[PDB]
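Chemist: Listed below are the residues making up each chain.
Number of protein chains: 2
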Amino acid sequence: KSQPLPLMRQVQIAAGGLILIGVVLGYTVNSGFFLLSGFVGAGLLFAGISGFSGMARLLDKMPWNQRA
Amino acid sequence: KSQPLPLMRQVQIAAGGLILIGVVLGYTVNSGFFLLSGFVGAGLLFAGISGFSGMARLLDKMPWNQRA
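Residue numbers (the numbering used here), protein chains in the order written: chain A, 4 to 71; chain B, 4 to 71.
Among these hints, one or two may not hold up.
Identical chains share a label here; the pair holds if one copy fits it or two copies do between them.
Said to hold, decoys possible - With a straight-line cut-off of 20 Å between C-alpha atoms, the simulated SDA-like cross-links for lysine to any residue are:
| # | residue 1 | residue 2 |
| --- | --- | --- |
| 1 | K4 | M65 |
| 2 | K4 | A71 |
| 3 | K4 | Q69 |
| 4 | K64 | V14 |
| 5 | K4 | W67 |
| 6 | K64 | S5 |
| 7 | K4 | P66 |
| 8 | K64 | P7 |
| 9 | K4 | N68 |
Quick caveat, the hints were computed from the structure, so don't treat them as lab data.
The following block holds chain A by itself, in its conformation from the complex:
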């Protein structure tokens, strides 16, 4: 039990990650087809929010005993 695992972070990674993924595939499949093809935009966005959310979810509620 390193961190108290609050809800001020889990909501950011959960809501931020999920929402992003969706709004991303949409903003790219609807507003991304104009830019280039629709993979670089939604793709780069997913990868970003992905690595970020992960690092945050760990620093907030790392899988310590999650896999003891």
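Fit chain B to the known structure of chain A by using the hints.
Modeler: Leaving out everything else, chain B in the frame of chain A:
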């Protein structure tokens, strides 16, 4: 100096908030005009990630001495 104010979260709230806002205004102004009008979607999304990111940014790097 309550918290060390890391960057594992500051990146999620900063990048997540900014990106979300943009990807939202687009996914709604392009893929939202189909749903209803294009305000309920992008709007609810903005407010959501807004209050969330804020609560997180504060719980991590609250404006303690920021305005002492």
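Chemist: How would you classify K4 and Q69 at a CA-CA limit of 20 Å: within, between, both, or neither?
Modeler: Result: close within a single copy only, 11 Å intra versus 30 Å inter.
Chemist: I want to check one pair: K4 and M65. Are their C-alpha atoms no more than 20 Å apart within a copy, between two copies, both, or neither?
Modeler: Within. Shortest intra-copy distance 10 Å satisfies the 20 Å Cα cut-off; inter-copy 23 Å does not.
Chemist: When no copy is named, should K4 and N68 be tagged within, between, both, or neither for a Cα gap of at most 20 Å?
Modeler: Within. Shortest intra-copy distance 8 Å satisfies the 20 Å Cα cut-off; inter-copy 29 Å does not.
Chemist: With identical chains, the pair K64 and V14 could be close in the same copy or across copies; at 20 Å between alpha carbons, which is it: within, between, both, or neither?
Modeler: both (12 Å within a copy, 17 Å between copies)
Chemist: Between copies, within a copy, both or neither: which fits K4 and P66 at Cα up to 20 Å?
Modeler: within (10 Å within a copy, 27 Å between copies)
Chemist: With 20 Å as the alpha-carbon cut-off, assign the pair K64 and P7 to within, between, both or neither.
Modeler: both (8 Å within a copy, 16 Å between copies)
Chemist: Classify it for me, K64 with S5: is the Cα-Cα distance of at most 20 Å met within a copy, between copies, both or neither?
Modeler: both (8 Å within a copy, 19 Å between copies)
Chemist: Between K4 and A71, at a C-alpha cutoff of 20 Å, which is it: within one copy, between copies, both, or neither?
Modeler: Only inside one copy: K4 and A71 sit 12 Å apart there, 33 Å across copies, limit 20 Å.
Chemist: With identical chains treated as interchangeable, where does the CA-CA distance between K4 and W67 reach 20 Å or less: within a copy, between copies, both, or neither?
Modeler: within (8 Å within a copy, 26 Å between copies)
In this structure, none of the earlier numbered hints is contradicted; all agree with it.
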